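Novice: Read off the chains here:
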Amino acid sequence: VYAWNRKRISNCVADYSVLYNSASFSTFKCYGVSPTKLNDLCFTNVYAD
Amino acid sequence: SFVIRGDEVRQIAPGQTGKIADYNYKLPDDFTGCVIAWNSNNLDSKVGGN
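For the record, the sequence lines run as chains C and B.
Numbering-wise, PDB author numbering comes out as the position in the first sequence, counting from 1, plus 349.
Numbering-wise, PDB author numbering comes out as the position in the second sequence, counting from 1, plus 398.
Since the hints were derived computationally from the structure, they do not count as laboratory data.
Heads up, the beta-carbon is just placed ideally off N, CA and C, and yes, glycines get one too.
Incorrect hints may have been included.
[Said to hold, decoys possible] Quick partial rundown of chain C residues pointing at chain B, CB under 10 Å, derived from the structure: (1) 351; (2) 354; (3) 370; (4) 375; (5) 376; (6) 384; (7) 388.
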């Protein structure tokens with residue numbers, strides 16, 4: 350967690366509904382955007398820290 | 399009245415996603431009522447799957 354991986358994501362479709370349907374995860378929190386709206390929006394990049 | 403997987407109970411509210419809120423059962427956004435659910439594994443599961 351000190352050496353946290355800053356994976357840049359670019360030039361791709363993201364089916365964020367995978368993260369809702371993969372209910373095995375202990376959380377799927379969001380800030381500034383609703384988790385539904387992720388499936389509609391587009392970003393210049395994403396970072397998967 | 400219906401049976402579903404326990405994980406999917408989250409999909410039954412006003413404003414939701416996944417196969418139920420996608421198709422299998424849709425609430426309106428302004429629902430006037432109550433949702434009730436209970437685990438039914440003893441009745442609805444079987445050793446060879448139901």
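Novice: With reference to the structure, classify each hint as holding or not holding.
Specialist: Status of each hint after checking the structure:
no., hint, in the structure
1, 351, "violated, 34 Å"
2, 354, "violated, 28 Å"
3, 370, "holds, 6 Å"
4, 375, "violated, 13 Å"
5, 376, "violated, 13 Å"
6, 384, "holds, 8 Å"
7, 388, "holds, 8 Å"
Checked against the numbered hints above, the structure violates hints 1, 2, 4 and 5; every other hint is satisfied.
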